[PDB]
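Only one chain comes next, encoded as structure tokens, the form solved without its partner chain.
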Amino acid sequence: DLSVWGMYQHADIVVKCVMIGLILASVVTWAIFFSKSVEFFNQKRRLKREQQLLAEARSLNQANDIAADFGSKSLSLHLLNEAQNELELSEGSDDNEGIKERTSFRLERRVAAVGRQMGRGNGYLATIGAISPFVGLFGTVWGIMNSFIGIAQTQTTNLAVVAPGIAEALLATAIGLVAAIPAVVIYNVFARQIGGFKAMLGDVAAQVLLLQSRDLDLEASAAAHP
């Protein structure tokens, strides 16, 4: 034979389907990578700028005055709106402990939802990077099984007749490893990025929570004591 560009041609039926299935796996891996990488870089840059602007907040009104201009798909604006909307709905309630508990609960749900939406896509990468070595192994086990069939039937010697069979059988697992290397590299990259992003988001949410709690306490005190 000559190379993979010629060996894939006359390989087999089931070995050829294994090779095509693994090529499709690799293509979907690189598509996932490109899309998620550009979106992650965009979102993380935006949120890091917004947190650096919010770090100079001393009250929830001042934080809304800062973040009045953060576009419309800014996670920071969504969290500040959860806090403000809870304060709006509970207008008429005199249980500031209740207000704080409700807002903590809403922000917990919202940060979890953003985490899951960011992570959506990594199941493909995990399962590909985990099982493509085994699909390659099945391709080579079938190739070698057919090699032994060919040796048994019309009995022959001189491995110069079986060499193309073993070449075809190994090519399957070579494509397997080629398709399961970038899946694991990309999966680890994105696990680290998602972790860092969920942590930064939790920091912004905790900032909102501290601002609201501190404001409620100081208001109740300065209104009841004097």
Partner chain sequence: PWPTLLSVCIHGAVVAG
Contents of the next structure:
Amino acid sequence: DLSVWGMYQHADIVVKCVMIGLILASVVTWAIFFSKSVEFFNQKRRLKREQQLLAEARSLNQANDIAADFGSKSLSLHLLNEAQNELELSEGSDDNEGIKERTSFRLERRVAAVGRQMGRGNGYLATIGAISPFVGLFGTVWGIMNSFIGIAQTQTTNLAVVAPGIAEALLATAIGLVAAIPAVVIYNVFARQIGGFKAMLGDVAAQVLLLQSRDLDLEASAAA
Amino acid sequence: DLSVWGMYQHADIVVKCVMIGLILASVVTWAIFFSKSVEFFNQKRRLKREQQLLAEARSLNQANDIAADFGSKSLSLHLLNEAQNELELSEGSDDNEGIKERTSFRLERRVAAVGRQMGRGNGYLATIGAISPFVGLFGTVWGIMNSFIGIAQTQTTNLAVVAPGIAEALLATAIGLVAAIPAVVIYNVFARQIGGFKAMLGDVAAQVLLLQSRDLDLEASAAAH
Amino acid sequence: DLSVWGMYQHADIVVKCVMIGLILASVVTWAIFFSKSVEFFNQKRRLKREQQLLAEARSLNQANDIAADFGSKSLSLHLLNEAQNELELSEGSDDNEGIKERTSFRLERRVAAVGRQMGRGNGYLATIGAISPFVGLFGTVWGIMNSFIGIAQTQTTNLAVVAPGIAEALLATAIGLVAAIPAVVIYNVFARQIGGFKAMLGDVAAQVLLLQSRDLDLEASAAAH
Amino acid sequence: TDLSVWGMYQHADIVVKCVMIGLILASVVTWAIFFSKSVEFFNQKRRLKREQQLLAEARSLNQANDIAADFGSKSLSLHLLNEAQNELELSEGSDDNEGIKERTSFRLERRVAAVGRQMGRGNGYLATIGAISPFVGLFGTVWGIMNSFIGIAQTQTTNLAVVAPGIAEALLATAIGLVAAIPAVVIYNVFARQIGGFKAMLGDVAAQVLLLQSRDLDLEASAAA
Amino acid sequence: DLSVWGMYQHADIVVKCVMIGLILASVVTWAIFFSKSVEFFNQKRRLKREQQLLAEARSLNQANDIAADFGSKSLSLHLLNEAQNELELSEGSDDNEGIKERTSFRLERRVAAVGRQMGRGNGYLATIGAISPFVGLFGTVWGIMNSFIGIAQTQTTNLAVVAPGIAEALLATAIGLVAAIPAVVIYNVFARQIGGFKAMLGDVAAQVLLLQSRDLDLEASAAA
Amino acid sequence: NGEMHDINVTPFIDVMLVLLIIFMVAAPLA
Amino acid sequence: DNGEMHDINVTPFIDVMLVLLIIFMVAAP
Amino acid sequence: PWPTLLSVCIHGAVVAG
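Other form of same protein, the form solved in complex with its partner chain, not the form solved without its partner chain:
In what comes next, the whole complex appears, and the chain from above leads the way.
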């Protein structure tokens, strides 16, 4: 009778719902992991190559002519368009440092916005990591409490009557930790991996700014 | 004998008081949730709709003209008419960089102020999510002490005569975790909603600064020609 | 008898010293709470009254004429006269960019120094909120250990010979939680109250920078025209 | 019949076998990272400290290049000097100097960040293993303990004679968890200390390059005036 | 007997080793506390006097004349010399904003370097505070394991012969926490004492920047 | 975001202490 | 911040307490 | 969506019990 599967089937409905809720939370934290691991791998793999192509660039118009080969989903092409658009909107200006300040502000906000867009699912991982121990312990305490109500009702001294109830209660802690540990680890992996990706994207945005900054100073110098 | 209320009522005055305390914490941690979630939504929807209209604007003058139909409680209108106010109070100056630094500073201060005003309730949620299992554990430990004093006075030896006392005790911790779990998920929902919202408001504030900054530089060029 | 005070009387010297240590940490937590809560209600109620009077100002001279009625210990007057002093030390200089820079730096330094001084007590509360549950835990370990001494000395299984160790472990847990709960609650409410106050004082200091920056522009424009 | 600290692994449950091999894998990777890091990190810091002390003599950026010219292509100090020199030889047509100073500051800031970000390579493992290994040990022990309560329930019998092997397995999972966690925390804290020291030393070389560049440009501009 | 000394004397060599390792950890965390507390007291007492005297200054030359008799270890005299040394490296420069920026960058580097340099032994306190609980727990788990291996190979089952063996195991948790709590308290105290001191030193460095920046632009404006 | 994302273990240690003390009272009486 | 880890972590004491819980359950009745 | 199908597949197997 008392396999681990039989131990679930004989337990109280409250702790059975706790076990099912922790199994579903486990399915979610693994579905988020397989979803995002592939996505961050593809974006990291692409962006690292776009940076190698742009490393050859000497002026912003040449960086545009390189980046026109990049797909319309590419983040480096997006940044370069965020820079080029601040030029075309400013076409009447004789002040150049206003173009530099406005472009730096736009690109810094774009890098932050992309970095935030990476994080969409992480609220589930953070929550499931934080609450799964507590949901497990509620299942354990409820099972233990229910067993002592059993002893009060059946008025029987023998602790061997409590041993099944203790196993059923400890299983809720075990399943609680099996839901918690992957979620806490994977949240820390993605938090570090997003920080690494934001920094790589910032290094591309910095090259766009450096290219524009030389290009404007050379053009303003060559005018006199 | 019973398994829930039979033990709750037989329980002593401090276990009673602790269990009432956690039930009061549960109701406030759900009132905050219903009270905030309808507002945060009306804020998120209204600000998102305003940003989608303002994103078309090409000058701060045009942005004022399209924002003027927004309600008096509009966050974006309350930024646009402040960038206009900073330019109006400064009208005797010819220092465009001086107007830009003052407006940038004033807009940042207001974006932070709306951020503080959206996050008002989170102090309760963050506290209740941290303390409530320990408050339950105190109720349980004092319940065990009262059961232990109870045996040490009568020196009993029947496992069943202790069983109802130890049960009640655990209920306190069970109620402690039931108060804790909602407060942690509800806190994380609002922590993530605040992060997204302050950033979305920050992008509207940034558009006001970009429109003003570009408009001043073009106006100075057109004057000097 | 076998009462809770009899349970304290019977406990080992190490567990008495854990209980007495945590009771002293508890009473000084409440002493510093009653002291700082009054001092945070006084300063915040006063500062709210300043900002509301000072928000009328349209020149730095009018801001001084409003602030002159404020008491010697008023934080806002103590920010106005920093901006005034940086101008009066600098009358020989026409680099208004330098006056604005030096003033902004002094005011940023002073707002940080007031926040830094206001936080004095928080280091104690933050220590007790983290440490006191583990000081409790050490007393529970000592109680559980003394239980095993009791059976090892008597080779007998009964409740009455383990009883002193259960008694000690319960008291060490209860007093450990009674120290921890108010310390982590009070640390949160003061961290919230300081975060609000330091930002509100920043919003008063910002108004001083706006008024000074505006005055120097209007003066420079009038001198050029 | 009898058992040993190997025989109990040979007599352990699948889950507990799998957990113990999992923490043994965590143990061998943390020691592999310690040797992989420390042999390189000692040599990198020992190099950079010699470069910093040798460049500290310099009075101009040309004098720093004449010192650095034989530090070896892998020297971070030569890499920063040459990559600051690279901004001048790209800006040759610029009569504006503050743009060169600004761009060089921005380039060197990102190179200092990138080299620090590259040296932190192993820390994801060390922080994860140090924080999470005791929870994996706790899961392993809870499974062994739960199985021992099933052994009680199955046999309707109660003696240390049947349970002692079961708790010996359950403890061995915890002991292996502690043997994995302790080195990982020690190794993480020594590399956090050493990284912080190296980051500041590298930032000081980067600051020396900016100071040398800016002072030389400002003096060349004055000599040309 | 079964006193604390009797338990230490009778314990297994590994648990006996863990007790000695934790007592050495207790000794070094108190030796660090008494070594550093007198240096933080002397640094605060001296620096507060320097800041109280320098508050009278109205030019950088007057601040040097006030500072002239400060001991050669003094952090305020070090900061005045860092600023003075920039002016006499920069003698030919007409770019006063260049001098201000170079000085501001140097004094920020110096202030950060002092605060980093004086927080030297906080790695031992952090490490001892983090691992002390564990090593002690490892001593208990090893002592408990040896007890049962004993009972499992010798049958004859009774809690009375295990009881002293698990008491002298539980003692290594007690010593493990006695090593932990001082170290985690002291590390938290020193993190705040460094934070307060680094800020006070920052306010002296700020006065040097204010004195330099003001008297530099007054002298430049008076030359008109 | 100040999202709570980490296991604070002390509630558990203390609920396991409750579980220990409960049976450490009841079992020698049984 | 320095990014080192200095927190009091006592997690494996739960493992000791499960074993003590077993000792009382098995030996004491 | 393969992620959720692959997740419920790897769990489904371990939850055979």
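Residue numbers count along the first chain shown, from 1. Basically, rigid core = biggest C-alpha set you can superpose within 1.5 Å across the two forms. Residues that one form lacks are left out of the comparison.
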Relative to the superposed core, report the C-alpha shift of residue 157 between the two forms in angstrom. 2.2
Core superposed, what is the CA shift for residue 89 between the two forms, in angstrom? 0.7
After aligning on the rigid core, report the distance the C-alpha of residue 57 travels between the two forms, in angstrom. 1.1
Residue runs between the two forms with every C-alpha shifted 2 Å or more, at least 3 long, rigid core fitted, in sequence order please. 1-4, 157-160
